[PDB]
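Asker: Given next are the chains, with one letter for each unit.
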Amino acid sequence: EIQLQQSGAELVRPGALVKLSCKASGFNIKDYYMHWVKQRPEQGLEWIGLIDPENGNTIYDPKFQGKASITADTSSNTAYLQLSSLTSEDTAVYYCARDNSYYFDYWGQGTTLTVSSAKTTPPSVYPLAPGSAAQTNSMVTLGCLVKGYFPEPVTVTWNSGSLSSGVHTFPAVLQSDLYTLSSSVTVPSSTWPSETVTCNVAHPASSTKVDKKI
Amino acid sequence: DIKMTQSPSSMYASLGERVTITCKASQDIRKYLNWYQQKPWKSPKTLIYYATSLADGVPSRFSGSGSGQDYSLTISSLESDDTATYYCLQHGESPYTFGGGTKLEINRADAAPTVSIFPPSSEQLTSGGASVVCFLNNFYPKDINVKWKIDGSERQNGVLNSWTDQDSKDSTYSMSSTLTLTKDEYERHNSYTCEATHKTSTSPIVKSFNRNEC
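Order-wise, the sequence lines are chains H and L. Residue numbers for the first sequence follow the entry's author numbering, so the first one is 1 and each next one is one higher. Residue numbers for the second sequence follow the entry's author numbering, so the first one is 1 and each next one is one higher.
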């Protein structure tokens, strides 16, 4: 029903400017306050500002005065967030949220903004299969190695999300303009190779979508 | 303008234990304080609003109280999936301010990891690279150490280690260790072993394989 769509991911250069969008569905933005929230990598949430889309009032946190500018378009149901003169510190996940007067009831999935001069590099996806039954149980442990991609993020999935039980996705580690990430799924010895176990990888910043059957 | 202090920063508690998180403001915020829960890499979820009211679909084991500048959230009987980061948010004055957050980890009975080791996949060898991956799953406590040995106590450098966050279901942790090499260097060595030391046993777990790939 109600959903706040965000741009998802973008690689921007130090010193430039960027404009992020937040498209609302199911409800009118003129009726609510829309907020913009930031969260740096291993860090806390930070409040950026709000806007009353009805008759355009905006309040920011002094920290972002003349750095952040919020706009909204009642006819396209979209809130906007432009940042300027980007530096490393602006690398974060920016979320938009709906204020119902009591609390933030709907959030967007966020947009990872990476301020850097490295280029976009799509991931190599490699399957991890056992050299005989992974006997550290009567459950076979399989996997996928997603390496050398930039920027973040990637969303790995198994059997299109049908396999969520026994899944372990290990966060990415950066090593020179490149990240490596892995995932493991542990299934019963009765379902493989008999049933198809496939891992789906998607890298938004390069429009790459790969499916590896193991 | 209004500074929020959250305490503690991080805490450990056992299942069925009662927990209390604190938030104090620099000035009376007139009960305009909310609590949010953030599960790793998911947008925040509201637990409590206006100091004591329970938000959408939150269990009754959660409660809140406080007035003036002192506030607290309390979880009566800890459930495994209360692992998350909790934040308080004051909205009594503009700009709205988040406390620094407190991370909650479930203390649990030690568990030994199940180890798996995968040699370089064919797909990758075909491109000049050789990655060797080692999975250490469902162990507790998080404290663990892995070493890679190539042809003897001759251990190496060029490894990427990553830990998941704590499991919401069974409260364990998992780790991925990847030794990355060139096809070239891989084919000059015989045995690859990754050893792990974890207090659940005085003996190290030596998981091995001989390339002897013909």
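Think of the hints as simulated: they come from the structure by calculation, not from any bench. Do not rely on the hints blindly, as some may be mistaken.
To be verified - In silico negatives: residues of chain L with every beta carbon more than 12 Å from chain H:
1) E17
2) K42
3) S63
4) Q69
5) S72
6) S131
7) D167
8) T197
9) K199
Claimed, not checked - Per label pair, the in silico range of CB-to-CB distance:
10) H:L17 x L:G152: 32 to 40 Å
11) H:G44 x L:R211: 40 to 48 Å
12) L:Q156 x H:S88: 39 to 47 Å
13) L:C214 x H:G15: 50 to 58 Å
14) L:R211 x H:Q175: 23 to 31 Å
15) L:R18 x H:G15: 31 to 39 Å
Here a beta-carbon is modelled for each residue, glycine too, at the ideal position from N, C-alpha and C.
Asker: For every hint, state whether the structure bears it out.
Answerer: Outcome of the hint check:
no.: 1; hint: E17; verdict: holds, 25 Å
no.: 2; hint: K42; verdict: violated, 9 Å
no.: 3; hint: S63; verdict: holds, 16 Å
no.: 4; hint: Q69; verdict: holds, 19 Å
no.: 5; hint: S72; verdict: holds, 18 Å
no.: 6; hint: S131; verdict: violated, 6 Å
no.: 7; hint: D167; verdict: violated, 8 Å
no.: 8; hint: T197; verdict: holds, 17 Å
no.: 9; hint: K199; verdict: holds, 19 Å
no.: 10; hint: H:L17 x L:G152: 32 to 40 Å; verdict: violated, 55 Å
no.: 11; hint: H:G44 x L:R211: 40 to 48 Å; verdict: holds, 46 Å
no.: 12; hint: L:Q156 x H:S88: 39 to 47 Å; verdict: violated, 31 Å
no.: 13; hint: L:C214 x H:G15: 50 to 58 Å; verdict: holds, 55 Å
no.: 14; hint: L:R211 x H:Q175: 23 to 31 Å; verdict: holds, 24 Å
no.: 15; hint: L:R18 x H:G15: 31 to 39 Å; verdict: violated, 51 Å
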